[PDB]
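The chain below stands alone and is given in structure tokens; this is the form solved without the partner chain.
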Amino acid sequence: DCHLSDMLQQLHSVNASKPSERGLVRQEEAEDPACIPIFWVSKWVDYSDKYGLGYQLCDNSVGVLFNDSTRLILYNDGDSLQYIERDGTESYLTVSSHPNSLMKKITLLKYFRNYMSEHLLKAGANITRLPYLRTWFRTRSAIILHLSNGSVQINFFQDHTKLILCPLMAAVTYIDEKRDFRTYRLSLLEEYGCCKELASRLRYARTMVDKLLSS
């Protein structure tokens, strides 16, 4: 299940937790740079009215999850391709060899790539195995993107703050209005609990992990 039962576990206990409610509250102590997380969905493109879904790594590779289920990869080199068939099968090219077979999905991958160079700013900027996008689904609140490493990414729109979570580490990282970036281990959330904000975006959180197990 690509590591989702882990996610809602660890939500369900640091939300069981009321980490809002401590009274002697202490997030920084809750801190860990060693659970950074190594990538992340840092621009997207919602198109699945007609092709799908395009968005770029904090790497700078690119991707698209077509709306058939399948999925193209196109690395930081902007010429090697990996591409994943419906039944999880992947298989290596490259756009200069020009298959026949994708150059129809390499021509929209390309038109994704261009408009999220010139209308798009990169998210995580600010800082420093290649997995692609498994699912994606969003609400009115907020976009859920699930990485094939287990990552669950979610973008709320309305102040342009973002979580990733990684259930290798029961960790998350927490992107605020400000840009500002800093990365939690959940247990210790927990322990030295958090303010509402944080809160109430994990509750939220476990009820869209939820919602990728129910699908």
Given for the second form:
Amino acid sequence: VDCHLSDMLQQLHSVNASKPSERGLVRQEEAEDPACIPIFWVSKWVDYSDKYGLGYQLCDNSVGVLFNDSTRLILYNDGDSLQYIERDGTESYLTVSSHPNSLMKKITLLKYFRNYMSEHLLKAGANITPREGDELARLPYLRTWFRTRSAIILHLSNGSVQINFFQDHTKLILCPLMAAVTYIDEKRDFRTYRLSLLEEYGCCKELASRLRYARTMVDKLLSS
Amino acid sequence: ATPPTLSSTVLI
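For comparison with the form solved without the partner chain, provide the form deposited with the partner chain bound.
Every chain and every other molecule in the complex is listed next, the one we just looked at coming first.
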């Protein structure tokens, strides 16, 4: 799931080079694929980077924190099972009930972040139903993230890249393994498209613009 | 309670 950014960059290059909003008749609806709907995405997030780090919630109700020291702590949706990731990327699986005294500080912080998100924030894509075996899938963690004047970029450990636009609340979820893109528009409508089909049928200026922006963002992730 | 730097969409 490492070399996935370069695949995503190639997929984006391909779609953007085809100038999808410049077709004779763009038939975006023909590029839709319900089978390509992602299993995981960031439904909530909090920036506390000045002192602690970034807290986030995934759509399965699991919470995670990417601390300033570049370590990660993830609490599974059961509210007891924990995953701790060191800077090197080494994973450790523990529980709140039987936790090392070494993680007491970081667990307390995660619980504050979890409680903040629950009390204050709206769940993105709350209406989406999970598939028959999705619950057994490996729970991803937040590898890296950054902010711009226009959006927040979230890079997950499973290779997926999420871009949340600030002004209009639109969101992109790029999955390189499925070569697909999920777009959540201003009306909160959730649509998943195959990138090879957007090349074939085209898309609206709105989505085409976000995809050009996404290419710039993926380039930044690769250069970092 | 100190408010965060930024956050996702707040509830209504």
